[PDB]
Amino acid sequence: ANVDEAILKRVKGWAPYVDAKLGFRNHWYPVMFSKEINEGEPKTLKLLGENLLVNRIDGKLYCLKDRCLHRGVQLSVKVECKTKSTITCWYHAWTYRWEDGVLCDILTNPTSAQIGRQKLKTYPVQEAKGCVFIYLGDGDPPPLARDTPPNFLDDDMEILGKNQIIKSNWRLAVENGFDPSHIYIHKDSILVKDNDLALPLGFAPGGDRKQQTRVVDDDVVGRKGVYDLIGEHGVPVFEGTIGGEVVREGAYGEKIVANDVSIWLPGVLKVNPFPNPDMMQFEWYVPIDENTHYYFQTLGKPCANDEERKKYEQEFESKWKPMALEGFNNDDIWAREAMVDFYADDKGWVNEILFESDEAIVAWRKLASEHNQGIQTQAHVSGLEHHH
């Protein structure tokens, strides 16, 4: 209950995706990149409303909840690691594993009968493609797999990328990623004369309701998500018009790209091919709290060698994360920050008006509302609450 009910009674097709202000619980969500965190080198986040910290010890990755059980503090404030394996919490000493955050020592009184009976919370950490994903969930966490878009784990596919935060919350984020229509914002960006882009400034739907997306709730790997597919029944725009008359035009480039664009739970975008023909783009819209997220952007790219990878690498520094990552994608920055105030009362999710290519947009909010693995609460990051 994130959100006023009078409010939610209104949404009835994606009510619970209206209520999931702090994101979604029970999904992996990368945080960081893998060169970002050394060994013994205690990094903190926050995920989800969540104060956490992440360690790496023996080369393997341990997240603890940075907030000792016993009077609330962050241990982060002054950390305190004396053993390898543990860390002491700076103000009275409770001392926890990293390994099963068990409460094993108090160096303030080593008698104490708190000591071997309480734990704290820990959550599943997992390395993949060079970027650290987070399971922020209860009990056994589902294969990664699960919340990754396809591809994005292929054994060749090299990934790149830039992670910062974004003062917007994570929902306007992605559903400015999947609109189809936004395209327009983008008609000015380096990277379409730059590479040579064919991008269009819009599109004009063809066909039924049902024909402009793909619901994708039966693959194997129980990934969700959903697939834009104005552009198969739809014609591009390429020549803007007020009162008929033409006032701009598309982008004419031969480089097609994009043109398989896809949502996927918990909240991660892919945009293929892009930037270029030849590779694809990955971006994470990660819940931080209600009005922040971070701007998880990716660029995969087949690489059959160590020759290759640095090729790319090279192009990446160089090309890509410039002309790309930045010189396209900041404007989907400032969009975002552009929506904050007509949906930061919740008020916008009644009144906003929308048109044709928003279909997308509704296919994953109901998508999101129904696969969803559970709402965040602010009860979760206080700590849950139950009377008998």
Given for the second form:
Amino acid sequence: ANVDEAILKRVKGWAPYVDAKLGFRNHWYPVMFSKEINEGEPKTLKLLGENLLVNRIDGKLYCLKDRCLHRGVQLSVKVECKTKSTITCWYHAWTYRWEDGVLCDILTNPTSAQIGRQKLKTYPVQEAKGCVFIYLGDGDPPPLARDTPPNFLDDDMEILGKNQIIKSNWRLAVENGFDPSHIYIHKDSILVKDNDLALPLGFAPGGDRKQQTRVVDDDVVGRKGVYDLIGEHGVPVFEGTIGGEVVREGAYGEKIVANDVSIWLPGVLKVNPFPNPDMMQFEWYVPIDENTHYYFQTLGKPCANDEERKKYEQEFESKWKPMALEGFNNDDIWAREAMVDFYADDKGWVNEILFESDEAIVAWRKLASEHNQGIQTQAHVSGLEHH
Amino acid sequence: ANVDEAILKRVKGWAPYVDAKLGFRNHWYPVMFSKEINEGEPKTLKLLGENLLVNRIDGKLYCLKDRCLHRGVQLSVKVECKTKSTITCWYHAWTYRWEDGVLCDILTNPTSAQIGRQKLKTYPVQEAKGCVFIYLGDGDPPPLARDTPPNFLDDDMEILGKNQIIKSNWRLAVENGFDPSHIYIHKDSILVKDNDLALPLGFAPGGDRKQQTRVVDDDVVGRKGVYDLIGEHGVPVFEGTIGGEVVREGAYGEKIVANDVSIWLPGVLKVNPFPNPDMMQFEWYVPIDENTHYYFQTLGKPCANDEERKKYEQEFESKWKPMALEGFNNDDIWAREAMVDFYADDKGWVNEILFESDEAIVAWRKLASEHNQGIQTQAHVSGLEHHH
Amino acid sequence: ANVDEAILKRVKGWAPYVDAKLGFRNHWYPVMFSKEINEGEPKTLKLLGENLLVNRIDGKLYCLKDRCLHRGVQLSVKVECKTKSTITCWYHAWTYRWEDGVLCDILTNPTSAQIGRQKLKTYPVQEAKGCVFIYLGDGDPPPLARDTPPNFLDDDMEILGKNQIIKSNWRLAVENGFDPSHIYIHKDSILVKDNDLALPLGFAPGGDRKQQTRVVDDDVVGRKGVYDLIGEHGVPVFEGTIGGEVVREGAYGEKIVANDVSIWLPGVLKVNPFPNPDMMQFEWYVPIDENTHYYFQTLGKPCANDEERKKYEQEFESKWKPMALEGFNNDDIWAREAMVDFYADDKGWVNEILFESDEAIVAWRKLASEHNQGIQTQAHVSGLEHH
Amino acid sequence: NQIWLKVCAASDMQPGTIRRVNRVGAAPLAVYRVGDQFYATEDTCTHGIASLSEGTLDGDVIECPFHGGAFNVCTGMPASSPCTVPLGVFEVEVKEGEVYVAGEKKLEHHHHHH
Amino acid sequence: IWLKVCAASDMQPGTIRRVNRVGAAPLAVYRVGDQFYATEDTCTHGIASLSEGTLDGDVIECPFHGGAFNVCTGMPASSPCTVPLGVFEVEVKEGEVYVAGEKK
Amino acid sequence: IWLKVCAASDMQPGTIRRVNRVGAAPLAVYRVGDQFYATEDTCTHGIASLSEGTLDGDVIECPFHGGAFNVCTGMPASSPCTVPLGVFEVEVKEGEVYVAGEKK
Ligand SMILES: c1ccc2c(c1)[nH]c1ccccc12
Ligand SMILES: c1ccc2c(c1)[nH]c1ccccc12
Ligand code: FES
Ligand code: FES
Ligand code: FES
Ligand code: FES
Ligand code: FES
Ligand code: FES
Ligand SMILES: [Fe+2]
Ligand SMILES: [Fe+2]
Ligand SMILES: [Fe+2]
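Please show me the structure of the same protein in the form solved in complex with ligand 9CA, now that we have looked at it in the form deposited without ligand 9CA.
In what comes next, the whole complex appears, and the chain from above leads the way.
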């Protein structure tokens, strides 16, 4: 366990989730865009606490753990790729093949018994929609579709996005994103006025608990997620009051967005439609270490031809990226950072005082606890231990 | 439980004090000056490890815990006071009343069953002598006088001061202040010469241990403290010698100051008279967290009217503050910081080698351990825990 | 004491060495050069986690612990030496004699019962070859010769050097220096080309395990060390191959250096001859705290008269220091730093995958574990404990 | 509504069990059987949105399934952190071996003094 | 030379008595069972009075920091005490307690 | 194809015996109760000699890092070991222990 047993014993509905401080192992995760990794130029990154190296050889991507088997140094301190298909540690020259991680040569001692007998950890890598996904897990990987939201992989869906490192645990990011009432922090966003959006301040719940969401565990692709259906029976809040007096109003724009919100394992949100009635937003909160995550944002829009793609790319750069991804989502960044202290000692998972709209978050916590493919532990990071 | 039990078990005479790393709960503490908090202008601060928000509404001060009950964020990240009597969390808009902390509204869900059924922690606050005191405790507060040194509240006593954050635990600050022999670090202060002070280097105690101090626990207002009476039977040291040879002398000025020094719970020192024969110094060492404290300095001088008050203020700014509060006490600051390492791992409370003048400090440690009103713990900060 | 007992239990061949993260107590250690400390000018430093003060009085060096017995403050915060033979704490004026650390006076209370009844810790200090050595131990010290490599103290040996603080535990430094195969990291050193050195990329071991090293359990002066004999029956590797193809070559210079390499307790390497056929290198990796060490480098050369010494000093400053001490050893510095993470959690001591040339390192770890004179503990630093 | 709400037959509940009672236009209640006695409180934990009827009853103390907080079912007073707000208590009576729970909670009104 | 301290019965078993001496440092007389011992009263680690400490067998525990000494040898039994306590042999004749004037 | 190890009587149950081979890597012969087993002597996780380790039942523990192997199957039993050990054929005849030249 990554958390005090006394705390886990208290959280009977989603202890696995509370214990998953380092993220879920055995799932695909996006870490960068295809255009960021060039042929023969190894790139470093940390995923679920593990230092990795990604390289492109003959157009295909390969992933090796960035830690020599010998004395545990990062090969990336001084990259020495002496042949197209290998990488040689700069320290004692142990050489590994990118395709299977096998220790194939040792320049400092070509007669060593370790040659051909040791293997450096490799991870599956797949590119899709111009995004680089890494299967941080063991054994043959499942289809990428299992860990992606519906429609992301659609043939005509043009995907454009942005990625950055944010200082907060991945779970705080997920819950902020799937939070129905957090919409309040976006009330003064430039996207609201500049794109004439209809955006309430909150929601007055309606119907029973079960009706508040739609848990997906019957998806043929294997996807596991939760749909937020708070707006189906609830009354949108457009006039906020204190003591019966109106103190704030929502946005009364013509554009209707975000009437379909869903969270999917391992941790990717889908907002449809957004930021425009003809688009969709898919964003991942990828675990880097217990205190940080990649906020991998993508916006999808159907495009039947290059002209449409170019047109879309142009408006993305000029409007969508700056007005939405940044203009709208920037407040989510410091919002996440604001919850760090309460949950930092793991006590927040016990002392939080939830209200009606959090029923969606609770559904997600239970779904994640029940359907994740594994709990990443520090032991996975240092080296598995067992007697 | 803030300290390793093994260590606490070793300290028979003052374990509670050694355990009070975060300070004593249920006492009044000054945190700022009145003129620093304006109408409808929320101010943040950390006291005894707790993040707090203070605000002035219709002239009156109110204190709310700076932590939303919902997801635990500090309301101060983005302050939202949409009505004069309330504050709305910037996250999901839970709204609380400054007057009682009651969750009175929730803008994102007006039908929520939580409305009116939750209450954010509030703490009593009262201004006195231009100083803002917060009662960091539970239940109805005791009279402010209980936690203030004698005369601080006298009608004619004009109080002026300075406050800052120092990087050392509050106890190191308290002990440095009530330490009879630390006076040695002030031998070269500009105040000594510039104000013609008589200041010895130290003291050769006389009489028994009981005579070294006067433990006060019979005060009518209920204050608890200790007076340092070392110079009552002790020979002040003016000639410092090594191997019998004079290597340093004290100051032979005309002004007699610090006839009596006293320390009082929760942790405020009174030096009388100081820095001038007609003045008094009152200083608090307020716990912010385990490693820091507010060094709340105040100088008091009787004033009969607004003319004298104005005169005193001008003197304070041009002389007293720069020459005394800074020129004299600046050495106390780095002195406190210098003891951090030894006590940081809590080992110093066991390995320290005391000498005669430390009898005063020991008395304080025992008084504090026996009369404090509660030990602040990390659980108070995150949320008290209890299992049936 | 210093490491998780579950880890020490696993390391049966050298548990004490793994436990010695703060270094070995009761050994001499060089900490500075004689010219760095002048008459009546106390100098501060930290050795084996202890804050110390060194002063020169009437030409002789004295060492006192830089921590007042009263309230534990460092005397050095505000030095007050009021008489040639004493130092007075700036706080409450407790006064100590440099000679024996005895508390001889208290200016703030001349009648205190503590006077003459307390003693500040002192450590023996000896100057040799222009270097300042401190015996960080208790009781009467053994001869300095016991803790120095052979010939360092020879009458005609002229010693010149450099010292600096490096961010890595001292053990990582020792192992890197004595590592036969680490020579690979030096393949592009300016010294190799500019001083025409012969330098292989590594060695293909020959002979049996016991022939790989020569352990010296006892010397005339009680020295304890190990000589690296990998080149005795081993084959120098001059061409590195991957998949049978040559991808790198060693240096075919004419000068043969590093005839013999030996490591000695408490942790000093001797490379002879180096960096030139007529000189030798002696370098210490002195523990400062658990994360740093002094990298005390020295180059020695026999000199008969004052003319040769003068010439040598000129050559040192213009060639050897910049081309060897820095041009060659700078790569050792970042190599040491690269191993920090793997061993920081003490798990590297279990997970490392060693190969043949590491027999030298294993021999050192065992010798160190069996012949060290004491394990420094955090308790020695704060104050020994026993109930 | 109705002063007394019919819940079930006293025999339909085993000792140490809990039953949730839904009400039209009002928050749900939870009825507990401690031995041969019956008690009732609001069903919703005062610390959040959990259903106490889905918790675990240990004697006369109900433990919330969300965060482990607990209450005494007889007095409605908190028994374990993080709960701090008292539960509303509803009187229960058995008429003809039939269980009935009050529609209004009890108040510190017209009862024993403190 | 020998000083008359008190009658043996004046001390209950396992208790400690402080003996003040004009112009000299006070002493501590310990009664362990039916045996009597004496040392300097001041802990060698500070200014604490050992007579105000806790006696366990022949070991006196200082009330300040938990340091300890063997009341028979005067040697430290527990840290942080490092300086040996001055020991004074005691004599009990005719139910009367006597403590030597000097150490040893 | 067989090398003479020793007489079965020269090995106490639960003991190990290193078998050095000229111009080849050494082997380890384990005696678990009444049956003998053999594997490479060198631990697959490094350069340690398993014959200098500890035998607990049919599991050999490496002296270097605590990794372990089942001496019958040669499979890793404890971390950090992960690479299977080479197992060799053992044969007892006329009271003498024999080990196969090559692994199975
Ligand atoms: C409700 C309404 C809008 C959004 C949401 C939840 N979550 C989001 C994440 C990214 C962008 C927009 C949204
Ligand atoms: C003894 C004598 C003077 C002082 C003291 C203790 N503590 C002080 C704190 C502030 C100013 C003066 C003093
Ligand atoms: S650490 Fe990579 S080859 Fe030695
Ligand atoms: S964190 Fe304050 S309303 Fe949600
Ligand atoms: S801390 Fe050095 S004399 Fe007091
Ligand atoms: S919702 Fe019941 S303890 Fe939190
Ligand atoms: S004064 Fe006795 S143990 Fe410190
Ligand atoms: S070398 Fe055997 S466990 Fe590492
Ligand atoms: Fe958002
Ligand atoms: Fe001072
Ligand atoms: Fe090197």
